[PDB]
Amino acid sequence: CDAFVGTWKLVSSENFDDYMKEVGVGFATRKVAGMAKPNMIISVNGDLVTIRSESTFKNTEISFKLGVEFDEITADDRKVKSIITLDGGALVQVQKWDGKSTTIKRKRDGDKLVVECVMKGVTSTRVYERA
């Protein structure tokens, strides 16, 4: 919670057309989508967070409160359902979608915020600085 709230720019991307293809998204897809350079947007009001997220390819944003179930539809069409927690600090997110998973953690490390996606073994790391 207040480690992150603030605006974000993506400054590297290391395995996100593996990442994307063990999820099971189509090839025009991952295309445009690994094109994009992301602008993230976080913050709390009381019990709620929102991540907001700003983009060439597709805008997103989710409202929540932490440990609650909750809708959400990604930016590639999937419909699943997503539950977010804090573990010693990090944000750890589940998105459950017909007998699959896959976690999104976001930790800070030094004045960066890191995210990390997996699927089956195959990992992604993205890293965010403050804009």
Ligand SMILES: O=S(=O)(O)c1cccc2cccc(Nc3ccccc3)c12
Second form
2 protein chains.
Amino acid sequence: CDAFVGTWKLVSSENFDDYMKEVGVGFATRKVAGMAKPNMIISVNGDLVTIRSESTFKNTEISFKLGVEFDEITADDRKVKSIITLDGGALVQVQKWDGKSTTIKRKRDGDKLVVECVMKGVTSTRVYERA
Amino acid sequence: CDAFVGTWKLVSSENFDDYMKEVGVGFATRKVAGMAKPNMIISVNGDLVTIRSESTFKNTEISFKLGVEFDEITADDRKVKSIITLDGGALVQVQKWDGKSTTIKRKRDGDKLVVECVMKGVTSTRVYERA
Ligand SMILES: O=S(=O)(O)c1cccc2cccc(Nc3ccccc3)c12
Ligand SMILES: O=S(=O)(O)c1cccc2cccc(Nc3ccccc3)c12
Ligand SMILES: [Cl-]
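Can you return the structure of this protein in the form deposited with 8-anilino-1-naphthalene sulfonate (2AN) bound rather than the form deposited without 8-anilino-1-naphthalene sulfonate (2AN)?
Whole complex next, starting from this chain.
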């Protein structure tokens, strides 16, 4: 869980627009959201993990305990129920809302942090490099 | 509870340095936080209340349900236990950490939003205004 700690900055994005479309994000919002190069800031305090995301589009921050369900207001304004687990050495986040569900996998690969967001077969890959 | 929704700009601050000195904030970071003019954005989505404070010092965000205890990592990086209730029409917040406790009271006084931070005697008062 300590391998993800640090300040990462986006360097690559693929299929992010197809992914946002599937989750239901609006046309104009997908536009400005895709133009953003957010910075992910991960921190830990005891058994509490913090994932802060900062960008021009919107700033978000979720604090959680591994394996314990929590309420989350996503950047695109969805009120979802989240659950984050340390699965296969990767932080795997599942978001459930309105009968639908999406998985956000954050894994380490060498000097980078790969973020795979999936929704009904559509997959978006965003690569982060430590700032 | 609906009387708090909206973006709020800080227009006044009194005895904030004294309050931070009491909560244990360091001299250096205490002068950096004293120069910031935060933008408190309150929003609601069902039974979830979100309070997002944006500034140059640090961007924080807390989502919570009234009367239900939750874990919080403050702007000055304190790992506290918070409980926010609607007491006397005001949004009263009590943070507890290491046997210590401080109350932050958010109330509406006309066209403005007043915030009273108290920590063993000393009281800070920061007044906001719709942005
Ligand atoms: O905050 S943004 O990226 O703008 C964002 C914008 C719009 C919709 C989003 C939906 C899910 C996750 C995001 N965050 C995210 C962040 C990094 C990697 C993968 C997903 C969303
Ligand atoms: O985020 S800051 O103000 O920088 C902040 C900085 C340093 C220490 C703080 C302690 C308690 C509450 C804050 N927030 C707060 C914000 C607005 C009104 C009342 C309290 C603190
Ligand atoms: Cl590394």
